[PDB]
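> Letter by letter, the chains look like this.
Protein chains: 2
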Amino acid sequence: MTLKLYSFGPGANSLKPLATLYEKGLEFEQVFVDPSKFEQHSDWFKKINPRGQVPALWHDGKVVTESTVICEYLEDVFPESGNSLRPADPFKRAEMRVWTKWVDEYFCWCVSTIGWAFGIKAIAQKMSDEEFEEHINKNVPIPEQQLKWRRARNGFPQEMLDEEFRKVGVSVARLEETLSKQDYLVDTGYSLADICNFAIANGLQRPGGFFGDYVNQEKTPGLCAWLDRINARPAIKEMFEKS
Amino acid sequence: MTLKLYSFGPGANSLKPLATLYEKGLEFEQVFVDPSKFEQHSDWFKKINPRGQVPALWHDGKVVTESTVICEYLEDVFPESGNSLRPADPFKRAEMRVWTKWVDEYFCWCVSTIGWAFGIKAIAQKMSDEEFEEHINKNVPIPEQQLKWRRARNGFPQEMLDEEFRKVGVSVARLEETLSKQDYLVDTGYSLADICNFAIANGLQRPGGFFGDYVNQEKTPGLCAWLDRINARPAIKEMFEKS
Ligand SMILES: N[C@@H](CCC(=O)N[C@@H](CS)C(=O)NCC(=O)O)C(=O)O
Ligand SMILES: N[C@@H](CCC(=O)N[C@@H](CS)C(=O)NCC(=O)O)C(=O)O
Numbered sequence: 001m002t003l004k005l006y007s008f009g010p011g012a013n014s015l016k017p018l019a020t021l022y023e024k025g026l027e028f029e030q031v032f033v034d035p036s037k038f039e040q041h042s043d044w045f046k047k048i049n050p051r052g053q054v055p056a057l058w059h060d061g062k063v064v065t066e067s068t069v070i071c072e073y074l075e076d077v078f079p080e081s082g083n084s085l086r087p088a089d090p091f092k093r094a095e096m097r098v099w100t101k102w103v104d105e106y107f108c109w110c111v112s113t114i115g116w117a118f119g120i121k122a123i124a125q126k127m128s129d130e131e132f133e134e135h136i137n138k139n140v141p142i143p144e145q146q147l148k149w150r151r152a153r154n155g156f157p158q159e160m161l162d163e164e165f166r167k168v169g170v171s172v173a174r175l176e177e178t179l180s181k182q183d184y185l186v187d188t189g190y191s192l193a194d195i196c197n198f199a200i201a202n203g204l205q206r207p208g209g210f211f212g213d214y215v216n217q218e219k220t221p222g223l224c225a226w227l228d229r230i231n232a233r234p235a236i237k238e239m240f241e242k243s
Numbered sequence: 001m002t003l004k005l006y007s008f009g010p011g012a013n014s015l016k017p018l019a020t021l022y023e024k025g026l027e028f029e030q031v032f033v034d035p036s037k038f039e040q041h042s043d044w045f046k047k048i049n050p051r052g053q054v055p056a057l058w059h060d061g062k063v064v065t066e067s068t069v070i071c072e073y074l075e076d077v078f079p080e081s082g083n084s085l086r087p088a089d090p091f092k093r094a095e096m097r098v099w100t101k102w103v104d105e106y107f108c109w110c111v112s113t114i115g116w117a118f119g120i121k122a123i124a125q126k127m128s129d130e131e132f133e134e135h136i137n138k139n140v141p142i143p144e145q146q147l148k149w150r151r152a153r154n155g156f157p158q159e160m161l162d163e164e165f166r167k168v169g170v171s172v173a174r175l176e177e178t179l180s181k182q183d184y185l186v187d188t189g190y191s192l193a194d195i196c197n198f199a200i201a202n203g204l205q206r207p208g209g210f211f212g213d214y215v216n217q218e219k220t221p222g223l224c225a226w227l228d229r230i231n232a233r234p235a236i237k238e239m240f241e242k243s
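Protein sequences, first through last, are from chains A and B. Residue 1 is where the first sequence starts when you use UniProt numbering, and the numbers rise one by one after that. Residue 1 is where the second sequence starts when you use UniProt numbering, and the numbers rise one by one after that.
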C-alpha cells in the first residue's frame, strides 16, 4: 500500500477519513490502533504521530494528521477518484468548511466530554492506580489529554457535565434547523460537511442511550432522516462491514 | 465594489481576511464595524451576518463568514491574484491547515479570554446595569458571547484566568519550537498559517503588556523575528496604514 490509515475504526474523529477513503473508492491499508491496549501511546505509533492520537494518514512516507485536514488532503490529492466530496462552487465549499470547523470547535467536544466521563470506564480503570499514573505521566504527551484520562477514571465535575449536555442540545438543534429543510448540510449535496458531522452524530439516536431525549423522531425528524440516509449509502455500509 | 469586508480592523479574527485581501492586491471596500457602538449587533449588520460577529465578507451578494474560511475562500476564488497564500504542494497545504485550525481551536481562545477579562472594560461598562442587560438579552444572539460580555463587565473566575494564561504559554512555546528553526510556519514560505497566527500573536510582544514574560527576545527570539518579519511586509504595512 502507498496509502495507510491509522485509526480507532468508524467512530468519532477516526470515522472522517475512513468514510472519505471508502467514498472515493481509494485503496488503502486499514490499520487498527487498539485503544484497549493504549496502542496510540505505543513507541511504534508515536513514531508515526508524535502527538499520540488517531487518526493519522500515511501516504508515500508522508504523515497527515487532524481528521478534518486528512479529508481535505484526500480531496486535494485525489479529486478525480470516486465520489466528489467538496462542492465545485467555492461559495458552497466555504459553507461546507463552516460546518466542518464547527464540528472541530464545538460539536465534537461536548459529545466527546460526555464520552470520556461515561464511555471508556473499563479502559480507564484497567491498570492499578500507580500503573495508571505511570502510563499517563510518561506516555501521554498531551496535557489536556492527561487530565481527560484522569477524569475518565476518577470523575468529571458535575457542573462541567451539565454545561456539556446543554451544548449537545444546542448542537442537535442547529443540525435540525438545516436538516429539517434539506437532505444534506450544504444544498449542493453530500460533502465532507455531512461526513464530519455524521462522525459525531451517528449513535446519538440510540434508544435508551445518553441522548435519547435530544435525538429522536419526535424532536429531530430531520436529523434522524439524515442519519438514516447516510447509513444507507453503499460506501458507508461498506465501511462498517469491513471494520 | 463587488468585494466588501465588514470587520473591526487589523486585529484578532478580523485581521485574517484583511491581511489576505491586501496581500493578494484585491480591491475591496473596507467597512469598519464600530465595536464601541456595538454595531456588530445592529439590525443592519445582523442582516449581513445573523450571528452578529465580525468578520464577514460580501462578494457579489454572497456573504462568507468565519475568518479562516474567508481566507481560504479568497484563495479558492482568486488563486491568480497577487501573492499566493497556500502552498501548491498538498502535503504542505495540509500542514498549513493544521496551523490555521490550531489557531481556531486553541491559540485564539486563550489569548481572547484574557482580552475579554481586561481588554474591553470601557465598552463593557458604557451602559447602565439595566441598559447593559437589555442589550445583551435582546441583541446578542450567541449564548457563549452573552456570558463573555457579562464576565467582561462583572468578572471572570480566577482559576479560569490562571488556566487561560497557562495555555497562552503552551501556545507561545509551540510557535517558538518552529520559528526558532525557520522563517515561516510552513517551510514552503509565507502562507495563511502565518497570517492566522499573526492575527493572534501580533501585540503579545508589547513591553509592559500582559504577556511580556512569555514573548520577548530572551525567551522567544524565533517568535519575535517572525513577528518583525511579517510586520516588515509591504502588504502588512499597507494594511495598518490604511486602517
Ligand atoms: N484534533 C484531532 C483530535 C484527535 C483525537 O482526539 N483523537 C482521539 C480519538 S477521537 C484519540 O486519539 N484519543 C486517544 C487518546 O487521546 O489517548 C483530530 O481531529 O484528528
Ligand atoms: N469563529 C469566528 C469568531 C468571530 C469572532 O469571534 N469575532 C469577534 C471579534 S475577533 C467578535 O465579533 N466580537 C464581538 C461580539 O461577540 O460581540 C471567526 O473566526 O470569524
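Misleading hints may appear alongside valid ones.
Which copy is meant is left open, because identical chains are indistinguishable; a pair holds if it fits in one copy or across any two.
[Unchecked claim] Straight-line C-alpha distance at most 30 angstroms; calculated DSSO-like pairs for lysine-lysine: (1) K24 to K219; (2) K46 to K167; (3) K148 to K24; (4) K62 to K4.
These are calculated hints, taken from the structure and not from any lab test.
> It remains to establish, for every hint, whether it holds in the given structure.
Going through the hints against the structure:
no. : hint        : verdict
1   : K24 to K219 : neither (33 angstroms within a copy, 47 angstroms between copies)
2   : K46 to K167 : between (32 angstroms within a copy, 23 angstroms between copies)
3   : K148 to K24 : neither (34 angstroms within a copy, 42 angstroms between copies)
4   : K62 to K4   : within (10 angstroms within a copy, 39 angstroms between copies)
Comparing the model with each earlier hint shows violations of hints 1, 3; every other hint is respected.
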